[PDB]
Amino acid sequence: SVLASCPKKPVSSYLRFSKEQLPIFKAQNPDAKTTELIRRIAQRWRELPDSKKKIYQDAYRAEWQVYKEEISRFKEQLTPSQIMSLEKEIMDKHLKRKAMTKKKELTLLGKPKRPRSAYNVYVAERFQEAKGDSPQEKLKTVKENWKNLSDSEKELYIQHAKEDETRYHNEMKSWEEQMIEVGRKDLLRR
């Protein structure tokens, strides 16, 4: 917003080199994947004489000195609550990434999904047949019926809840053993 205007850190010499080289390379090699071209460019980097590298190096060092000056000038023109909301935007960012990363890894270790509630299993069935525009509305409809149902009409759902509760228990046990075997006691409950 105002922090979106925060000066960015310069990227390093290999990154510069690559950024410039990609374009040249893709133009000489239309039928190729980026990943490949990148591998190719990295090799070029390795190959490049130190005296040449040193050129990009100096570019980066001087570009860092600009960042130094830039960031501090930036901070002065900000209020203290601003200075803080900045630092928080950074932390929040980093934590979201950490979050995403652990969530990917669990899914890739096929970690059992949590027990679905009495209400969950109802929604998973009475959503196709539901009035409304967005999902917001298609939901309030199913919500209204939830209040309007009674004990007898909630059996085969609360039954499947109680079943899924035992599915969870079993699946969680298979998975936690699996994990112990794979050297990861750390992903265990408690």
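Positions refer to the first chain, counted from 1. Here the rigid core means the biggest group of C-alpha atoms that line up within 1.5 Å when the two forms are laid on top of each other. Compared with the form deposited in another entry:
When the chain is split into two rigid parts between these two forms, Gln77 and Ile158 fall in separate parts, each C-alpha being assigned to the part whose superposition fits it better.
Annotation: rigid-body hinge motion between these two forms, rotation of the minor part against the major part equal to 12 degrees.
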Contents of the next structure:
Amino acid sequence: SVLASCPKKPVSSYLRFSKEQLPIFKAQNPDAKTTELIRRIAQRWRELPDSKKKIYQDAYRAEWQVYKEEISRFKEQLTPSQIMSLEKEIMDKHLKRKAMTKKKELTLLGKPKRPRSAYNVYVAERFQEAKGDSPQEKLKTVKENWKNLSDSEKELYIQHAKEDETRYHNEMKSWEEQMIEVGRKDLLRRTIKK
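Form deposited in one PDB entry done; form deposited in another entry now:
Shown below: the chain alone.
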């Protein structure tokens, strides 16, 4: 809301060079990986004479003065309700990035998935053939079918979930022991269910 129209900080020298250089390198090397083009761009920035870098730096200093002006002008027009909604948006965006960074590290570290419930088991088996066009309609079908299962049929799902709670217990015991060996005791559970 407020954060969308908020003036944004200017781009520093190298990033300004990189933005202009990447389309040129991408034109001349269309099947190359961007990571590799960025590595060459950064080598070109390092070799660049200081008199050329200064040209970029001077524009940055001047863009920073425009920024101070825009950000003062913006903030001054804001009501306390706006400021407050701006600070919440910034907080939410920060929290969401922090949580995604923590999740990607757990995937990189090979963390075992949580146990699958008898219901998760049923969604896995039943989804493909469940009536519905879109995945949201098919899930509404599945959930209703789950509601109507006999004890006889529900037992199969209950037994698959029992096995997965054992796999979860085994996998966790060894992953936690490995996290300790790599010095990541912060990743371990505080509480474990009996």
